[PDB]
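J.: The chain contents come next:
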Amino acid sequence: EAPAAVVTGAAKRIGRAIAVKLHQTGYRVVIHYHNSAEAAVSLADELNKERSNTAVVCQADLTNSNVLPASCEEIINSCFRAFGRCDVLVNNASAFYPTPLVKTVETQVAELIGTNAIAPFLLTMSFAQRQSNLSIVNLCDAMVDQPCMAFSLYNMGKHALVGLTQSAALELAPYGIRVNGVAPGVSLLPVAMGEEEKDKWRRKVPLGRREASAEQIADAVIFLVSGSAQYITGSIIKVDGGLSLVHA
Amino acid sequence: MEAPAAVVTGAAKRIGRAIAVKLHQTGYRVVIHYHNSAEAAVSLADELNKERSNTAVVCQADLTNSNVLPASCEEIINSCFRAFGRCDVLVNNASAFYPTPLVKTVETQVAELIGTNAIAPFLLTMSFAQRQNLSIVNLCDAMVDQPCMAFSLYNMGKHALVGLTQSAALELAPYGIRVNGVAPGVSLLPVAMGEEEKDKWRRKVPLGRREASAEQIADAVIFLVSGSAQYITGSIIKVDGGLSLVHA
Amino acid sequence: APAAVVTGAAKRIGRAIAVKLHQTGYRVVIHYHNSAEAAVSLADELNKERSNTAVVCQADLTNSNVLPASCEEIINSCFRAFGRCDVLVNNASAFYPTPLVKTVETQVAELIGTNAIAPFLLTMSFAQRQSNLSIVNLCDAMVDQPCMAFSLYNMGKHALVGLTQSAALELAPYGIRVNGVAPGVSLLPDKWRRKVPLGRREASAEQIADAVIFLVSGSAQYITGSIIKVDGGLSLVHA
Amino acid sequence: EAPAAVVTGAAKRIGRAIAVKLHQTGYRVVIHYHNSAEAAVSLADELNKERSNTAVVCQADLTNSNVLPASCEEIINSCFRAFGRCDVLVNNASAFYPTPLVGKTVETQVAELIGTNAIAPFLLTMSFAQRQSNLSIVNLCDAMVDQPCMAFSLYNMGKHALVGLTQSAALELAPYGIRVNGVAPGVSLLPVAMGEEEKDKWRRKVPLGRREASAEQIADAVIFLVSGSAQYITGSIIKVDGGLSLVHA
Ligand SMILES: NC(=O)c1ccc[n+]([C@@H]2O[C@H](COP(=O)([O-])OP(=O)(O)OC[C@H]3O[C@@H](n4cnc5c(N)ncnc54)[C@H](OP(=O)(O)O)[C@@H]3O)[C@@H](O)[C@H]2O)c1
Ligand SMILES: NC(=O)c1ccc[n+]([C@@H]2O[C@H](COP(=O)([O-])OP(=O)(O)OC[C@H]3O[C@@H](n4cnc5c(N)ncnc54)[C@H](OP(=O)(O)O)[C@@H]3O)[C@@H](O)[C@H]2O)c1
Ligand SMILES: NC(=O)c1ccc[n+]([C@@H]2O[C@H](COP(=O)([O-])OP(=O)(O)OC[C@H]3O[C@@H](n4cnc5c(N)ncnc54)[C@H](OP(=O)(O)O)[C@@H]3O)[C@@H](O)[C@H]2O)c1
Ligand SMILES: NC(=O)c1ccc[n+]([C@@H]2O[C@H](COP(=O)([O-])OP(=O)(O)OC[C@H]3O[C@@H](n4cnc5c(N)ncnc54)[C@H](OP(=O)(O)O)[C@@H]3O)[C@@H](O)[C@H]2O)c1
Ligand SMILES: O=c1c(O)c(-c2ccc(O)c(O)c2)oc2ccc(O)cc12
Ligand SMILES: O=c1c(O)c(-c2ccc(O)c(O)c2)oc2ccc(O)cc12
Ligand SMILES: O=c1c(O)c(-c2ccc(O)c(O)c2)oc2ccc(O)cc12
Numbered sequence: 001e002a003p004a005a006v007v008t009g010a011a012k013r014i015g016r017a018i019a020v021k022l023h024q025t026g027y028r029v030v031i032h033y034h035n036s037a038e039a040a041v042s043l044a045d046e047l048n049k050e051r052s053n054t055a056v057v058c059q060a061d062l063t064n065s066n067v068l069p070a071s072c073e074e075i076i077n078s079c080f081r082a083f084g085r086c087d088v089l090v091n092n093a094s095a096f097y098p099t100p101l102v103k104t105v106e107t108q109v110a111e112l113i114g115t116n117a118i119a120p121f122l123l124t125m126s127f128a129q130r131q132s133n134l135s136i137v138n139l140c141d142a143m144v145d146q147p148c149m150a151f152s153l154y155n156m157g158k159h160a161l162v163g164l165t166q167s168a169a170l171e172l173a174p175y176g177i178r179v180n181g182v183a184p185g186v187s188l189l190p191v192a193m194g195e196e197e198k199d200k201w202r203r204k205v206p207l208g209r210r211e212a213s214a215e216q217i218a219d220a221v222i223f224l225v226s227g228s229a230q231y232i233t234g235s236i237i238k239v240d241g242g243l244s245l246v247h248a
Numbered sequence: 001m002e003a004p005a006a007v008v009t010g011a012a013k014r015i016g017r018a019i020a021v022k023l024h025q026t027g028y029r030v031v032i033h034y035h036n037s038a039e040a041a042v043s044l045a046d047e048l049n050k051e052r053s054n055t056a057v058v059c060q061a062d063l064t065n066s067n068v069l070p071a072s073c074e075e076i077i078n079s080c081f082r083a084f085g086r087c088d089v090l091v092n093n094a095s096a097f098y099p100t101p102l103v104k105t106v107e108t109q110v111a112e113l114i115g116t117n118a119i120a121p122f123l124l125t126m127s128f129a130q131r132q133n134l135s136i137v138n139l140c141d142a143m144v145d146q147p148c149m150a151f152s153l154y155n156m157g158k159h160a161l162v163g164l165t166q167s168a169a170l171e172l173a174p175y176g177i178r179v180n181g182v183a184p185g186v187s188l189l190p191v192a193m194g195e196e197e198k199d200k201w202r203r204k205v206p207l208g209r210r211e212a213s214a215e216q217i218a219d220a221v222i223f224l225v226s227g228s229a230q231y232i233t234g235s236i237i238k239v240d241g242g243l244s245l246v247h248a
Numbered sequence: 001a002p003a004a005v006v007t008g009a010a011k012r013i014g015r016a017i018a019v020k021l022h023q024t025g026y027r028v029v030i031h032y033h034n035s036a037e038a039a040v041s042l043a044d045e046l047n048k049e050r051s052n053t054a055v056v057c058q059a060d061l062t063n064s065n066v067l068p069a070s071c072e073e074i075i076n077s078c079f080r081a082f083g084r085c086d087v088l089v090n091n092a093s094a095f096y097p098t099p100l101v102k103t104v105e106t107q108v109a110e111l112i113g114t115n116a117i118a119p120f121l122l123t124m125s126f127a128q129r130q131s132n133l134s135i136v137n138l139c140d141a142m143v144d145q146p147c148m149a150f151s152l153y154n155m156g157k158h159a160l161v162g163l164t165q166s167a168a169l170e171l172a173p174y175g176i177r178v179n180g181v182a183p184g185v186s187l188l189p190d191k192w193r194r195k196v197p198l199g200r201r202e203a204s205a206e207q208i209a210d211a212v213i214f215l216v217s218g219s220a221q222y223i224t225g226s227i228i229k230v231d232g233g234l235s236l237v238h239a
Numbered sequence: 001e002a003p004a005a006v007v008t009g010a011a012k013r014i015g016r017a018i019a020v021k022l023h024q025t026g027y028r029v030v031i032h033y034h035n036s037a038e039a040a041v042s043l044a045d046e047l048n049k050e051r052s053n054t055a056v057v058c059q060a061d062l063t064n065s066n067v068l069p070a071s072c073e074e075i076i077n078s079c080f081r082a083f084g085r086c087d088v089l090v091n092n093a094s095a096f097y098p099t100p101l102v103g104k105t106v107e108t109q110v111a112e113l114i115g116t117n118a119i120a121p122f123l124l125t126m127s128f129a130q131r132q133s134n135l136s137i138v139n140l141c142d143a144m145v146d147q148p149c150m151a152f153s154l155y156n157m158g159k160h161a162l163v164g165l166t167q168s169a170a171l172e173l174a175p176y177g178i179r180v181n182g183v184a185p186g187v188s189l190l191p192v193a194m195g196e197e198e199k200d201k202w203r204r205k206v207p208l209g210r211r212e213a214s215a216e217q218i219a220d221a222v223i224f225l226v227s228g229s230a231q232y233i234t235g236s237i238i239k240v241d242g243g244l245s246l247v248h249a
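Residue numbers (this note's numbering), protein chains in the order written: chain E, 1 to 248; chain Y, 1 to 248; chain F, 1 to 239; chain A, 1 to 249.
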């Protein structure tokens, strides 16, 4: 049959464009979501109208806790249950908010380190334990070495995700599983953000003075899972329009 | 009084101990944090106090991630203020290190490896900064991008530590607190480790075919806390004998 | 139909790159220094597929007082043949040891000239003469764990990373993207094969070219200053 | 006897501060210079008046050419001729100016910006090692090499090559006991011709104190790397940039 993929946080924005584009490439998809139940079911309905029985949703909180490993095991299990295989994992879900050094701190750690680093690691474990062109793509951050002031925990999580991309690429290569990253600079700006601030950020991008479309991020993800990336593992592709190259 | 004070985590033994000794030799009063090594911590404090009265205290604390970790970290920093009326230097040296293959429960492994290596340093950094030649030195790892097989969680935590070193340096620079790292390659080898195994590692180091002494690592810490590094923040000094330059 | 220049295109990786660009519908300049018969054989094979879509261009890419003119000429040949030049692939490369303990200045001319200076000059000519415009530079995934006694080669490849970033920044306003592909062990010039995590073998040249094709494509329209490793995980492996 | 050091471009600015700190630590120094003759002799006179016969000057163009290997050989020779040894090499000399992609010919820009920043360090490294305790080489790198100034491609190329050299040499020279490390300023002494207004624009970007590194602060990191406190450090590049390289656009 057709291969299958899990995309975490796939209801909206970049995760949705990634699930759409995998689906358009021939993949059956698990649409993982946390709070965005309506958007998720909507996407699965649209994908299923195009090719019947090719999309499911799977709800899970990816905050760190003692039950996080079971939740991650269940995300992967949902793929096998719906499609009998799981070829691609996309770790796209992410918590993102400031945690100034100067919600309790335990919750902020559980959320930002959970979603960005620990859930990826556990999903990777469960993915590998259940196992052709198998691969995992982690959504990293091109700006990880030029961080946003007061985003220590978020930054820590994405740095840990780089660590994971490298470590898992090394350890899973003998099982023919490739592990890579796509690192957006500025792509879809936060919903909460005002328009003058959105423009502040746009104007900094060398290539076009505009943020990445979700489809442009998805395009790198498609490349990495594709047959044209069969010798690529442990690589992180910046998709940032040059933004990481720009000095203060 | 007028002598500065430093907290060193995991200071009972090995590198942390050498760091505590060297700081004390430089004129610092020291909090010797420990987890299980009470006898070692106390004997070091007694030796330091014999050299100069009332210049060393111990502080016991588990740095595993949990609900209570922020309160523990707060209490470590407090201990230095209670003992010495000031806290000039934080050395995040304590570390759990053991394999976590992708293919103790896993949530415990996460708590210990990510708590000690990343979360506890972040919480100690918050408490250090909130309580204020101030600086923080984090013990990193030079081999973080060429990691040992099946050490993904340990690798994640040490990458997260780089992230913290960079984020905290940027955020704390307005308060005049510098944040840097020392990244050993192979230093003191495991206790139980066979000499034939230790030699395999030693033979890989270009500079002298030997591991760094604990004092060599401490020397880079002393530099970073010193007036000779007053413009240095966000930097990670490898102290690895060229090990990280050696291809497979 | 867009047009591409590939340097060192007569053999091995540049050949695979030329063929793949051509197969994607580019017209191609096949640059060569000493490999005339091979360049022409490739041009003949590509012109049989689609006539008048492949030309050859001779140039020495050694650093010298005339390298700027040779680089200008390479870019010119594309514009002459095809009336446009959409893609520059800096693939040509000298590779050999230069122990710290051929004259040294010839080794500088070859190893730094071919690997870094010619890419710089070709970049200037390509830019001056100017849509999906991009430059791809063939980098090296093992640049930070360099081979023993290869200082000048490593210098040249680090300089090439510097150029990829600087040019991506400077040319972004012109809509010219500048990226890198960094092979590990590809076509050898068993022990090395054994060290590679992904399948204990070298990259074929086509695997390298696949990354080049992605980077020049519409699927990479937001990508500039990026270097894609294509090394099977070799650069992750410690000593 | 006292150890001896060669500092390239040592008449003024950071190079001078490194030679002065080396000298105050007990080194004998070769003050290399290219055009700054008065400033070089003046520095050696001041250093010799502190301790006799402890400083010499040495003139050379470090621009790339077929004679550059001889000039570099001669710099290192000058240390042996003066002091009987050469313990430390500081590659500090640097040409710095824009070379936009879209007076001097391009071949001259390549020769100066690549020559001074990368080829001369490589040739001086070869000579220093071939002419051979705590031996080391320190290369002055650039903390902002990955976030480069617009239109400085050749300069950036040169400094990237210098990183490459630092790593390759550290690795190849480790068996000889020679350490090779880098110190990478962000903004330290501003260019003499830069207006205060532009200087303050750069100052204001530095997280740690909104000011440039002093020459002494750069020199302090050099001193560290040559000292017994860094006897296990090779192939490391220490940023001394007050956080500048961490600041996003
Ligand atoms: N957007 C950018 O410019 C940019 C820049 C750098 C990196 N990135 C990275 O690119 C990826 C996609 O970016 P984005 O802006 O599309 O992401 P986003 O909208 O900020 O988040 C994507 C989804 O993650 C899920 N999520 C958040 N907390 C969660 C939790 N505790 N448990 C489970 N899921 C949770 C949410 O799902 P529900 O909606 O279902 O609750 C959310 O829709 C992310 O990993 C992000 O860090 C983006
Ligand atoms: N030695 C090396 O070659 C090497 C290589 C790379 C990086 N490093 C880094 O350099 C630093 C020092 O190295 P090392 O070899 O001296 O360290 P170590 O001996 O592995 O550990 C240092 C101390 O960490 C403390 N620790 C462990 N788990 C803890 C927990 N849950 N709570 C609180 N403390 C805990 C222990 O204290 P008690 O003994 O009191 O329980 C231990 O003695 C570490 O950060 C390490 O990761 C070392
Ligand atoms: N093969 C690998 O595993 C590997 C590993 C790391 C990096 N790379 C990089 O990948 C790229 C292509 O690799 P490759 O192995 O296919 O390259 P290669 O066979 O070593 O050389 C490619 C072409 O460069 C041209 N060339 C060499 N010196 C020249 C000069 N002075 N003037 C003009 N042209 C010159 C030659 O053209 P003529 O034949 O026409 O004389 C040669 O066929 C290179 O940039 C290389 O450094 C490859
Ligand atoms: N200043 C900063 O903020 C900063 C920032 C990043 C990196 N750096 C690096 O730090 C080092 C010191 O910086 P600086 O500002 O003190 O350097 P600088 O004043 O710009 O240059 C130092 C010396 O380089 C020598 N030099 C220039 N071209 C030469 C040639 N063709 N041959 C031989 N020598 C030549 C000159 O000697 P004469 O005077 O004798 O002609 C000059 O005094 C340099 O390597 C620089 O690239 C500095
Ligand atoms: O929406 C986001 C965003 O615009 C940005 C963003 C905005 C402006 C920037 O300069 C930048 O580097 C990131 O970052 C995110 C990181 C994680 C995530 O889940 C969402 C965002
Ligand atoms: O003791 C350790 C060690 O020898 C090594 C080590 C030994 C051999 C290696 O080749 C290496 O890269 C690290 O790593 C550690 C990391 C953390 C820690 O807390 C202790 C050690
Ligand atoms: O003087 C220099 C300078 O201020 C700077 C400089 C000034 C402002 C900046 O933001 C910066 O990144 C570098 O760079 C140099 C690089 C080489 C050199 O030889 C001298 C200088």
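Hints in this document: simulated from the structure, not taken from any laboratory. Hints should not be assumed to be uniformly reliable.
[Said to hold, decoys possible] Among chain F residues calculated to face chain A with C-beta under 10 Å, some are:
| no. | residue |
| --- | --- |
| 1 | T24 |
| 2 | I117 |
| 3 | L152 |
| 4 | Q165 |
[To be verified] Some chain F residues well away from chain A (every beta-carbon gap over 12 Å; in silico):
| no. | residue |
| --- | --- |
| 5 | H33 |
| 6 | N52 |
| 7 | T53 |
| 8 | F120 |
| 9 | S125 |
| 10 | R129 |
| 11 | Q207 |
Ideal Cβ positions, reconstructed from N, Cα and C, are used throughout, including at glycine.
J.: Taking each numbered hint in turn, which are not upheld by the structure, reported in ascending numerical order?
T.: 1, 8, 9 and 10
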